[PDB]
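Given chain A's structure and the hints, the job is docking chains B, C and D with the ligands onto it.
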Amino acid sequence: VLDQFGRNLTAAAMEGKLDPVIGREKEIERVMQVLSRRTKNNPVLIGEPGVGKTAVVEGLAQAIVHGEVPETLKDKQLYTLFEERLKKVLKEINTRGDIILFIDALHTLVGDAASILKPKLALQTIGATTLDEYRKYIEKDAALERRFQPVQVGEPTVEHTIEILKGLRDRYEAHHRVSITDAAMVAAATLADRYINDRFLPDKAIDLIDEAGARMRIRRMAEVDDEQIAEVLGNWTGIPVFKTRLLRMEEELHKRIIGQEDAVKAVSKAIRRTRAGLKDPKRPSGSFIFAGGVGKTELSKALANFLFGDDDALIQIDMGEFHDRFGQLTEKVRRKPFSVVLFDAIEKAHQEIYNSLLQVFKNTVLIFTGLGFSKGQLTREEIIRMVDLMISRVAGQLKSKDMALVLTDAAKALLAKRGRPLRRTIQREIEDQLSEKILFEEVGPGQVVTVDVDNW
Amino acid sequence: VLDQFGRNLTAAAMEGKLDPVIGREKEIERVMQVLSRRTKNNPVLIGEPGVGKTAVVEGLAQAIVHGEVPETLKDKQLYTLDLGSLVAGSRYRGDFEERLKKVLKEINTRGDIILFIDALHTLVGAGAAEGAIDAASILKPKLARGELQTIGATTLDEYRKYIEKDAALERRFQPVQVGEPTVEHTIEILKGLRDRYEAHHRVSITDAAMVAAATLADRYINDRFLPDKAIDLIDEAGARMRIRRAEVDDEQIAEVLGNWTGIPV
Amino acid sequence: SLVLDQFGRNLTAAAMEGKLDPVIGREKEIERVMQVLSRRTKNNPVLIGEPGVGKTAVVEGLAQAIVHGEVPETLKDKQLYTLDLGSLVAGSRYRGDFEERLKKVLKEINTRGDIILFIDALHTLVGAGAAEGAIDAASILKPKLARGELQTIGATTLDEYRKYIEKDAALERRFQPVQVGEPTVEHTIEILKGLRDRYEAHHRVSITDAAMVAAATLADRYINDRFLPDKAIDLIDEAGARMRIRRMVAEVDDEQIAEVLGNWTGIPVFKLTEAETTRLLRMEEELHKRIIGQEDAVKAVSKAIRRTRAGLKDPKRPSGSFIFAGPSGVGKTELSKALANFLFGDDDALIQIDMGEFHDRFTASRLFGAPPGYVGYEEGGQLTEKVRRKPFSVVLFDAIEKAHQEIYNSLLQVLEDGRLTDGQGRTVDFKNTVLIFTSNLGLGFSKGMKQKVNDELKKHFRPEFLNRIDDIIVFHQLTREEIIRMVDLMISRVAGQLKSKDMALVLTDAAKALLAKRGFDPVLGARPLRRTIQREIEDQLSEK
Amino acid sequence: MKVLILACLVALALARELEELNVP
Ligand SMILES: Nc1ncnc2c1ncn2[C@@H]1O[C@H](COP(=O)(O)OP(=O)(O)OP(=O)(O)O)[C@@H](O)[C@H]1O
Ligand SMILES: Nc1ncnc2c1ncn2[C@@H]1O[C@H](COP(=O)(O)OP(=O)(O)O)[C@@H](O)[C@H]1O
Ligand SMILES: Nc1ncnc2c1ncn2[C@@H]1O[C@H](COP(=O)(O)OP(=O)(O)O)[C@@H](O)[C@H]1O
Ligand SMILES: Nc1ncnc2c1ncn2[C@@H]1O[C@H](COP(=O)(O)OP(=O)(O)O)[C@@H](O)[C@H]1O
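Residue numbers (the numbering used here), protein chains in the order written: chain A, 117 to 572; chain B, 0 to 264; chain C, 13 to 556; chain D, 316 to 339.
Any given hint could turn out to be false.
Said to hold, decoys possible - Okay, derived cross-link-like pairs now, PhoX-like style, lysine-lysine, Cα gap no bigger than 20 angstroms in a straight line:
#1 C:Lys398 / B:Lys164
#2 A:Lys256 / A:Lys156
#3 B:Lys141 / C:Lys31
#4 B:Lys141 / A:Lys236
#5 C:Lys349 / B:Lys160
#6 C:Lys349 / C:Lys301
#7 C:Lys414 / C:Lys470
#8 B:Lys16 / A:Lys207
#9 C:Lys31 / B:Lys104
#10 A:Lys381 / A:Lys398
#11 B:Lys73 / B:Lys25
#12 B:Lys164 / C:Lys349
#13 C:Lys328 / C:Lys402
#14 B:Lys160 / A:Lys256
#15 A:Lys142 / A:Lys156
#16 A:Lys156 / B:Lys16
#17 A:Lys282 / A:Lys256
#18 B:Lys164 / C:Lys511
#19 B:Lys141 / A:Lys234
#20 A:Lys203 / B:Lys101
#21 B:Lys160 / C:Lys175
#22 A:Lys234 / A:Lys203
#23 A:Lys192 / A:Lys156
#24 A:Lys282 / A:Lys252
#25 C:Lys328 / B:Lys160
What the hints assert, rightly or not - Computed footprint of chain C on chain B, listed as stretches where at least three residues anywhere in the stretch have a Cβ under 8 angstroms from a Cβ of chain C:
#26 49–61
#27 133–147
None of these hints come from the bench; they were simulated from the model. In this text, a Cβ means the ideal position worked out from N, Cα and C, and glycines have one as well.
Extracted from the complex, chain A is given alone in its bound form:
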């Protein structure tokens, strides 16, 4: 008997303790291709932490008791499992020869139980690793790779995940006594690929309707719908609920016009044509080029806050002196898709960063930025709309000093004349000359300071 060390997957499959997966039939078929071989008859199920690898073998265990199976895997058992009892259980696998073990941590058997498998095969083994762990442990052991075959399990798409949630619908209507709708599961998958990046789809979406059914059966002590998966996603990502995506962009983007207004309206239409209506997602959304204004980094900060992420989701990559390398764009988009990617220099002309920038990733915004006898950019009033921003940081600190920095319009006009260096001339004139007057207590608390600067 082996039921007291491990447990069956086939006895659980006929009773119905295993949930089905509706898709993933090419991956179950690939497993039945590999096990039916004479050599390398052990699938390793390379996946990712969450995409469903045990989901293949609990669907394979359903394929045994149904019969969509080879006759070399017909009437077989799928078990899922110190030296004296390890040899004791593998002797019980050998003395039948008709049972197959599953290991979710196959990389921890060569990190023995590895070459114990070879005279006991003369047993089968279905493994489960990640693609990192296949390179670290399975590929390194050459006496292991002669018996195992790399079986790929990739990240499912959003429409594939809705099919998985469709199959995992009666499991949650029975457990939480809740009545979930189709809209909910569509939103529970298209927001799971969207807002969650420490996990992968097969789970990211099942975690939403599990917690949504748990939220409904909690606060009634009814129905999960579209508006549940957003507030269930609200606390569970720490993001407040604003996740309807009215088409794509709007004027809210062009509220913080930190400079040129015609630029902000031009960027506004540029992604509304590439997010919805056109621009297949096999090429990333956005994908436009800045022209050589303000400095253009502040313009992309408004882009990241409005569409995907906060200002932190904007990434400034310099290539002014990073043009001899193989790279941080690969790593930071690996952690966070839908990234608003900014390349501050493109005018550095080389053939190395030529290659790194062609191949670029399905959803990320990509951005690239006097001797004649002659008499014949922000305007004058458009500097003034940035002067009051760059002294709001100064007045915002004097409010704790019980002061209000009031600048006259003529002093802001001269401060536009002297000021990228508009930041520095406010630190030199508005800050340093005032701070020594605060230490002298010429101005202080209980006083609203008025910096007028004549001779403007």
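Chains B, C and D with the ligands in isolation, oriented as in the chain A frame:
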């Protein structure tokens, strides 16, 4: 040597569980020529990964049973040995060394052991370091006196990086170059293996399948070697026939090659 | 006693049982060991030496010197133990198990007092039983070794003496480096003659005295990855192990070891077959099956190989150093491919270093490796790493006229001394290679070269490089009469790439004289001619 | 050409000895 860290390839060859080895009869003689030495009798099999280096030794383990021995390899059991399986499970001191001194104690007491260790790039640095006690310090006194017969297997790069860069390890393992087989040699490999693949998949593999598997594998696959990329094609096609159920031809191994490489049709 | 038997092997008891092979020679080395062992303090020798020179064999000579009583009385009745440091680390999972096992060894040595504790691989002592919080076996033995209350012989490779005993400068003080040198060839013959009965008994073959004289001279001259007192035994074994193989008595002779060494480095060192001797005497004619009409070079590369195969080559110069001068397309690379075909049966068996890919010195590191600290140090050199794998190898420095003025100066050491140290620090031998230097080379008013092309090599090369080239051969330009013979070679083997239903091109017509004319100029070579034979009569008579 | 190799030595991955918990 226990059956815990390897298995007896001669006891497998006596029961006929090893693959029939057609070809490589000249390489097995060169292994027997190195194994028949009084000192330094340690043939390292230098060849690309999957050219049949174990198939040299699986045929050598049969030749113990078939009686093709030089009378100094007579009735010698040949335990294979995963050197990394002794490494696995060692986070504390004397975990690797105890399990390595046990398997060398079971050679002096038994007295007819021929170890086949694969991955001799793992030999250098099997413990913590070279100044620490590794398997490239325990085996070396017995690999110079001929009291320990180990058959090796490197690639060519692992032999250059780990053995040719190691002083006093070049002299203890004697190189036996297992070459990359030609296309006609590979067909003759497949002609010998077909009594296993037609009896395992319960199919019939035609002669046209193997002349295509030795040609299409060289033509389309370059990350991996022939006496494996050609064996694989008639292996998975027998499994795909068992899955779709029977006769494998150059059309049944055809779509098996189309599964991997980026070919839409 | 019983404690030492489970942590090591008694070599004195192994010398009573006759399990240690005879050590002929090394009398002055064992005398140096017994001199160091007879000291009052720091009586600890280390046999430092090159790997394989018999470092552990000197101690085996000591273990059978104690049994014979040839030691002094201060070392009489000593029990010499090979301390197995792996036996001490074995079963030391817990804290203080290793340090208990090592102090139990030393308590037995202080009790008996007749123990010389041979620690083979003494570099493994630094870090022996070193764990997170442990005491390494060096620091336990350092008070013992310094006071001379522990007699201990070490044996360490010189490479492994830098990295682990000179990186522990305290432990280097406790020992005495006894330099076990690589012996001379005449000493190795006496080593081999003393080991005659051990390898007669295991290989069941009689090994003659000339075979011992050969395998010391053949190993020293033709093997460089090992050392003398081992690579000579190595040729004795695979001689006799082949005779156990092919017979499943036959004497081991000079021919029985030269055929091992021929199957070892790929260097033909044979006592020559009469069939091999005939094709060497007609080597100049059997190279006329790929190139025609040279008659000065094909003879002079045939003279150098017969000079090699008759054993009359300078054993410190290469087998032949050539410059293939002359105009382009006259059979310069086609002779080197022919020379590789005669010696290997493969036209790509040569090592073609394209010297047109070099023009300066600041990329000239692919042929002698990169120096330490610089990238390309662990895969240093593409010329060296292919010649220390094939020591008999025709190498082809193709298009040397397009190279740098200071890259053949790296190869200037190769022509005379036959060596080239790469960047890694390893001397590779070119003493058996055939060095080839391919170069592509009247004007005014004269009454009607060989003279100007020697002057133009004197312009390009320094006359010190030409000084070390053994044969400088200016090639003769191909006559229009022998282009008739040249096109007959293309209709046979390049039309042998064709399938023999897809062609019938050996016609014997007079139109080959037109094929001889089309594609050749007095400024062009026969390459603009071998292309016109392919694309006009062969490759368009094949696509139908 | 004058591109330096950057040795980049790892920290020591080493064994550990054990204090053990005594039992009957
Ligand atoms: N003087 C000698 N007399 C007899 N045999 C010798 C002599 N020197 C070396 N040998 C033999 O040559 C071989 C040398 O290997 P040995 O291990 O003794 O040397 P080593 O240089 O210490 O090698 P390693 O560093 O690998 O331990 C052995 O077979 C040994 O018996
Ligand atoms: N195709 C699928 N159909 C149904 N449920 C699935 C499917 N893929 C994954 N799941 C579910 O996702 C969760 C994770 O399972 P699995 O993918 O095996 O985990 P892991 O990725 O850690 O191996 C389980 O609840 C499993 O039932
Ligand atoms: N004569 C042969 N030569 C090479 N491989 C063979 C031969 N006969 C069978 N094989 C196959 O060789 C494989 C064994 O692995 P092997 O090729 O030895 O790997 P590696 O070359 O990497 O050591 C099996 O698929 C076996 O069927
Ligand atoms: N001696 C020869 N005999 C026959 N064919 C030759 C001979 N020399 C040259 N050829 C032919 O003409 C071509 C000219 O090339 P070759 O002179 O060998 O190269 P390179 O000019 O680079 O030294 C050769 O590839 C071959 O086809």
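Mind listing which of the numbered hints don't hold for this structure, in increasing order? 4, 5, 10, 12, 17, 18, 19, 24, 25, 26
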